[PDB]
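Single-letter residue listing:
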Amino acid sequence: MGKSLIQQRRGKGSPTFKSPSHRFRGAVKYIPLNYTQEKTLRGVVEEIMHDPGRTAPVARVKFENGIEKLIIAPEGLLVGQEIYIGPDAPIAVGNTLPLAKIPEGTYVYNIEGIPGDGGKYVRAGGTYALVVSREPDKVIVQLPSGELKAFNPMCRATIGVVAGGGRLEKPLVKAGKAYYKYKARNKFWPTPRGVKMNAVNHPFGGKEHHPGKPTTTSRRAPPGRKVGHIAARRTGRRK
Amino acid sequence: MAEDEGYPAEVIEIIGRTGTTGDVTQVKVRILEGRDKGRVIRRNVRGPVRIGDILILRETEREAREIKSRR
Amino acid sequence: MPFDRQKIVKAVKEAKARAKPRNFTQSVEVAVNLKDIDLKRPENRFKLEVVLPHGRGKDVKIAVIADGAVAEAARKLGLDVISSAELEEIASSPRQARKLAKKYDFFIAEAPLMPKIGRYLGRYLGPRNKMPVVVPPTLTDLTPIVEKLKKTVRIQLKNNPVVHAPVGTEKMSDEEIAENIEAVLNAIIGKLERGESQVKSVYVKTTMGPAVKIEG
Amino acid sequence: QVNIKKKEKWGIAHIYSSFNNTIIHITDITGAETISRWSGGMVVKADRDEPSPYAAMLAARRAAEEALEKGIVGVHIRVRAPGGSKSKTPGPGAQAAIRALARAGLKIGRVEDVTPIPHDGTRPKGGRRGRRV
Amino acid sequence: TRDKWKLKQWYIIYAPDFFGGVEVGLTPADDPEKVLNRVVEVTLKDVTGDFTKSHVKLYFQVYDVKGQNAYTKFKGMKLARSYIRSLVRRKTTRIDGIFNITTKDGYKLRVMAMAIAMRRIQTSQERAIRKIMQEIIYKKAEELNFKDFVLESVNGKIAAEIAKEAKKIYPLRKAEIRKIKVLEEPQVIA
RNA sequence: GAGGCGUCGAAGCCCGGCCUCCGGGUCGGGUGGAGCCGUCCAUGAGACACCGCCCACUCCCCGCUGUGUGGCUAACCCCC
RNA sequence: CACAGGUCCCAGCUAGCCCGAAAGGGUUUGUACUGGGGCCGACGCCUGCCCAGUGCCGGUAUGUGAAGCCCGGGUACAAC
RNA sequence: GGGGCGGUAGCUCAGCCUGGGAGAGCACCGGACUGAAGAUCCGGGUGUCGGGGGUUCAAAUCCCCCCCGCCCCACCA
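Chains as they are written, first to last, in full-length UniProt numbering: chain A, 1 to 239; chain B, 1 to 71; chain C, 1 to 216; chain D, 5 to 137; chain E, 9 to 198.
It cannot be assumed that every hint is accurate.
[Stated by the list, open to error] With the C-beta cut set under 8 Å, the calculated list includes, among others, these residues of chain D facing chain E:
| id | residue |
| --- | --- |
| 1 | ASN24 |
| 2 | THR34 |
| 3 | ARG84 |
| 4 | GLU116 |
Quick caveat, the hints were computed from the structure, so don't treat them as lab data.
C-beta atoms are modelled at their ideal positions from N, C-alpha and C, and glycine is treated no differently.
The task is simple: from the sequences and hints, build the whole structure.
Printed below as a string of structure tokens:
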């Protein structure tokens with residue numbers, strides 16, 4: 001039977017399906033070796049750049065212990081804004097403090113999930129997490145999906161929103177302009193359909209336009225057969 | 001038979017008629033029996049009845065009513 | 001019992017002993033658990049009588065009905081001989097004044113008389129074995145008279161999972177009663193059912209004597 | 005039991021008076037223990053007979069006997085009915101229950117209006133001409 | 009389910025912090041420690057004047073149970089439909105006043121009060137009256153112990169004070185305390 | 001196995017705890033203070049005479065052992 | 001054929017999906033305006049009706065459902 | 001073949017463990033009820049209740065042998 005599929009290639013880390021890492025810009029680090037408690041730490045926005053692979057703008061920050069690292073840029077930032085990191089950071093936009101120290105009902109981004117791992121949550125253009133409720137036990141934060149995850153209160157986060165909103169408000173326009181974007185990122189394209197792909201190429205669909213077996217697939221289905229609507233609970237838009 | 005208990009009540013006053021048939025006439029009763037005594041009820045009675053007659057009430061707890069009237 | 005513990009094993013002889021502070025004479029009891037017995041057939045229950053070698057030590061009341069040469073056999077032994085006619089008297093009159101019910105221990109008959117036993121006595125006596133019954137041996141004049149006078153003991157199995165056959169009442173020596181207990185035991189083990197621990201427990205116990213376990 | 009100083013018990017009876025069925029439910033004072041729940045349906049064999057005074061009285065009587073067993077002999081009565089999905093006024097079972105209690109021998113405490121009344125507007129079913137007959 | 013009754017357990021309400029332990033109220037429940045935060049309606053018999061008469065229904069929560077004795081503090085007041093529907097009138101106004109109280113003790117209380125206007129003339133004097141009720145209540149709470157403060161809020165004492173100062177502004181009639189809800193427990197220091 | 005029980009302290013009155021088919025039995029307080037039972041018979045099968053072991057649901061201190069839930073942190077794992 | 005546009009679906013990152021004999025790895029200097037998978041194929045107007053069958057999904061008292069362990073039986077043990 | 005479930009009055013079944021001459025609603029005949037019809041009440045009976053045999057005085061369900069359907073397995077030299 002047929003060849004490995006379009007997704008199975010991806011997993012190899014072969015180069016058509018390898019992100020560039022040499023035209024791409026820094027990652028967020030908050031650094032916990034100078035700790036949150038017994039803070040020492042303010043910095044100055046050294047410059048602001050666009051990061052290609054995040055599809056969002058990012059800030060270089062010059063810290064006052066002498067380390068240079070990027071922090072994902074908030075809206076309404078100036079070059080020469082001071083950003084502080086600690087709990088004794090002011091409670092204002094672009095300032096970074098623990099969740100407990102942040103009020104309830106304020107918008108927040110760049111939230112830690114393990115204390116001191118530098119931001120692994122809410123680091124996309126224009127989207128933001130809401131602090132709905134806070135208790136000394138656990139602080140519950142409401143995620144971009146509408147969905148509530150419980151985090152440790154001693155996670156760090158930055159007050160405000162991410163910059164680079166309206167991102168999908170503007171369209172991509174044409175196949176050319178789009179081609180241009182995908183080179184900037186990594187996303188296998190032009191991507192055709194399995195339906196007129198031969199029986200070898202793809203599990204569903206033959207020579208001509210019509211599906212083989214149902215599109216909807218198991219949650220225990222094999223690798224290389226898990227294409228379509230993956231483990232769909234519902235489909236359509238009707239009763 | 002067993003009694004149940006018969007509650008004897010006599011009719012104090014004949015208020016007016018109920019039923020679209022007309023067939024109940026509604027009458028006010030006073031009780032004279034061992035248990036309660038004195039209780040005033042507005043029961044629905046059928047058939048020729050005069051004032052001061054005796055009725056055996058099967059159920060003490062009742063008193064449906066509807067009311068009006070002469071100009 | 002203060003007298004003895006009731007889990008300690010003893011000999012057949014040793015277990016029958018005396019210690020009553022009571023008016024009431026020591027009635028002796030054998031109680032046995034059997035493993036692996038069911039009502040999955042009701043029939044496969046142990047039922048028989050066994051003639052004790054030294055009897056209960058209470059007098060049997062035997063009425064024997066017999067006719068022919070078999071009458072002559074009963075008569076010799078010193079039985080009265082009483083007619084079948086008496087069956088019509090038992091059954092017919094439901095009275096309370098001198099009725100003959102709950103006043104005797106067994107009946108023996110020849111086989112032709114058995115139908116008559118069945119209808120007439122069955123209503124009052126039922127199967128409390130005061131009539132002769134086919135499944136235990138108490139039909140036939142010849143052998144059962146001889147054995148019955150010698151004071152046979154009655155046995156039946158309450159299916160689940162126990163059988164009991166108390167030997168008699170104290171009027172006999174402890175060794176005498178020890179022979180009783182052996183003979184009954186050997187019949188019991190003698191009914192052969194599969195599976196390990198077939199005789200789960202055996203006890204020998206009494207009105208207010210030692211209530212004790214014995215090795216069975 | 006842990007010593008009781010008063011030697012009287014009180015149970016708060018919630019009575020839901022609908023035009024479709026009548027329910028008579030009694031709970032202790034705290035409310036967190038339901039002793040009895042008997043509804044009109046259980047007396048009868050038919051839906052038409054399901055509400056009505058007679059159904060309401062027996063539904064009350066069956067519950068009453070269980071209140072005696074516990075030792076409840078005082079009752080408050082809280083009359084309610086469906087105020088936010090239907091019109092608030094009580095059905096047959098208001099008038100019927102107070103009589104059931106009296107006859108049964110239970111002592112009657114407060115009789116109350118705890119019926120839901122909104123302080124706000126909401127749309128129910130019915131429009132254009134409102135609900136046509 | 010299927011009880012003797014012998015799985016049912018009894019506990020007995022002792023309800024102070026407005027008064028001494030009130031014997032009234034009794035609690036059956038099934039299994040132990042299923043009442044711990046449950047709520048008992050009492051009318052209060054402590055004062056057989058106004059508490060009884062005009063202050064029908066007040067709600068109390070058993071905070072804790074020790075040894076199967078229930079200790080209870082003040083959860084709430086609310087009034088029935090009967091009171092509210094009675095006193096309101098036409099060609100006049102019905103006035104409702106909120107305040108979110110802080111007492112020096114570190115309890116927060118919410119009072120809604122209902123005052124009913126005297127007849128003619130609807131005017132900015134009304135909002136002025138709302139204003140005055142909020143102002144006096146803040147000051148009092150600040151002076152007083154919250155246990156004294158709730159006793160007074162339930163009692164006609166509050167109703168009587170609001171009335172003297174408000175009648176001066178624009179005469180009212182039938183002033184009452186519609187409901188009380190305990191906004192925040194904790195304490196002054198957690 | 002028709003006699004056991006009764007200063008080896010009984011009826012029969014007055015309550016207390018009790019399960020329950022509220023059928024009715026059981027039971028601690030005490031008044032008492034000297035009798036109570038079946039043989040008899042009905043009942044398809046007889047004794048709340050007594051003595052044994054059971055087969056009912058069922059409940060519980062203790063000895064062993066499973067399983068479920070939560071707390072803890074010393075293995076192990078993800079971060080610095 | 002791609003294609004811009006449209007829609008369905010999956011995943012809270014210690015993820016989902018995918019590669020690898022294994023250690024480990026791609027996406028990822030990525031974190032839901034992400035990024036992964038399908039369907040349809042610019043715009044304009046629209047997209048009825050059916051969950052019977054297939055498929056997927058969530059759940060499952062009850063029946064049922066392996067090896068293990070347990071208990072019973074067997075075997076002086078074991079197979080059984 | 002193994003395990004389990006259901007087959008009952010014309011119908012659909014209820015009563016396993018929770019035992020008796022024993023069941024319920026609906027069809028169907030008769031009587032109430034309304035100007036009418038309908039629905040809704042009140043009567044009537046149709047199975048010792050799947051066959052055959054056993055323990056029980058009396059067993060649908062208990063026991064020994066079963067027909068048939070149904071569901072899960074195991075299995076076909």
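Each hint tested on the structure:
| no. | hint | verdict |
| --- | --- | --- |
| 1 | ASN24 | 23 Å, violated |
| 2 | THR34 | 5 Å, holds |
| 3 | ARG84 | 10 Å, violated |
| 4 | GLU116 | 6 Å, holds |
Of the numbered hints stated above, those contradicted by the structure are hints 1, 3, listed in ascending order.
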